[PDB]
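**Q** Letter by letter, the chains look like this.
There are 2 protein chains.
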Amino acid sequence: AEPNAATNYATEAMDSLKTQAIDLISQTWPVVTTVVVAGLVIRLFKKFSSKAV
Amino acid sequence: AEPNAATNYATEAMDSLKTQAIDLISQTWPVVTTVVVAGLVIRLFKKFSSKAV
Numbered sequence: 001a002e003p004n005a006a007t008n009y010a011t012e013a014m015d016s017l018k019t020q021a022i023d024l025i026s027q028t029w030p031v032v033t034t035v036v037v038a039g040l041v042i043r044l045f046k047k048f049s050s051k052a053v
Numbered sequence: 001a002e003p004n005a006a007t008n009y010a011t012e013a014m015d016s017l018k019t020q021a022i023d024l025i026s027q028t029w030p031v032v033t034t035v036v037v038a039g040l041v042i043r044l045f046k047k048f049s050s051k052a053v
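First to last, the protein sequences are chains A and A'. A prime marks a further copy of an entry chain.
Residue numbers for the first sequence, in the entry's author numbering: 1 to 53.
Residue numbers for the second sequence, in the entry's author numbering: 1 to 53.
Just so you know, the hints here were simulated from the structure itself, not pulled from any lab data.
Be aware that a few hints might be false.
The list cannot tell twin chains apart, which means a pair is met if one copy fits it or any two copies do.
Think about it this way: if two alpha-carbon atoms lie no more than 30 Å apart in a straight line, the pair counts; the simulated DSS-like pairs of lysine-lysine are [stated by the list, open to error]:
| id | residue 1 | residue 2 |
| --- | --- | --- |
| 1 | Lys-47 | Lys-18 |
| 2 | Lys-46 | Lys-18 |
| 3 | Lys-18 | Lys-51 |
Given only the sequences and the hints, what does the whole structure look like? Please build it.
**A** See below:
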C-alpha cells in the first residue's frame with residue numbers, strides 16, 4: 001500500500017529514464033562510428049604510402 | 001472504602017485513556033512509515049545519479 005504505490009510512481013520515471021538513456025547512447029554510437037571513419041580512411045592512406053615504400 | 005472506591009472509578013478512566021492513547025500512537029506509526037517511504041524512494045533515486053556518475 002504505502003511503499004507499494006510510492007514504488008509505482010518511482011518505477012514510471014525509472015523506465016522513462018531507461019528508454020531516454022538508451023536514446024542518448026544511440027547518439028553516442030554514430031559519433032564513435034565517425035571516429036572509426038577517420039581511423040579506417042586515414043590508416044588506408046598510410047597503407048598507400050607504406051606499400052609504395 | 002473511601003479512597004478504595006474513588007481509585008476504582010479513577011482506574012476505569014485511566015485504562016480507557018491507556019487503550020485510546022495506544023490507538024492515537026497507532027495513527028503516528030503509519031505517518032512516520034510514509035516519511036521513511038520518501039527517505040528510501042528518494043535516496044534510491046540518489047543511488048541512480050551517484051552510480052551513473
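**Q** Next, verify each hint and record whether it holds.
**A** Consistency of the hints with the structure:
{"no.": "1", "hint": "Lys-47 - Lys-18", "in the structure": "between (43 Å within a copy, 15 Å between copies)"}
{"no.": "2", "hint": "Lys-46 - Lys-18", "in the structure": "between (42 Å within a copy, 15 Å between copies)"}
{"no.": "3", "hint": "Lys-18 - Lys-51", "in the structure": "between (48 Å within a copy, 14 Å between copies)"}
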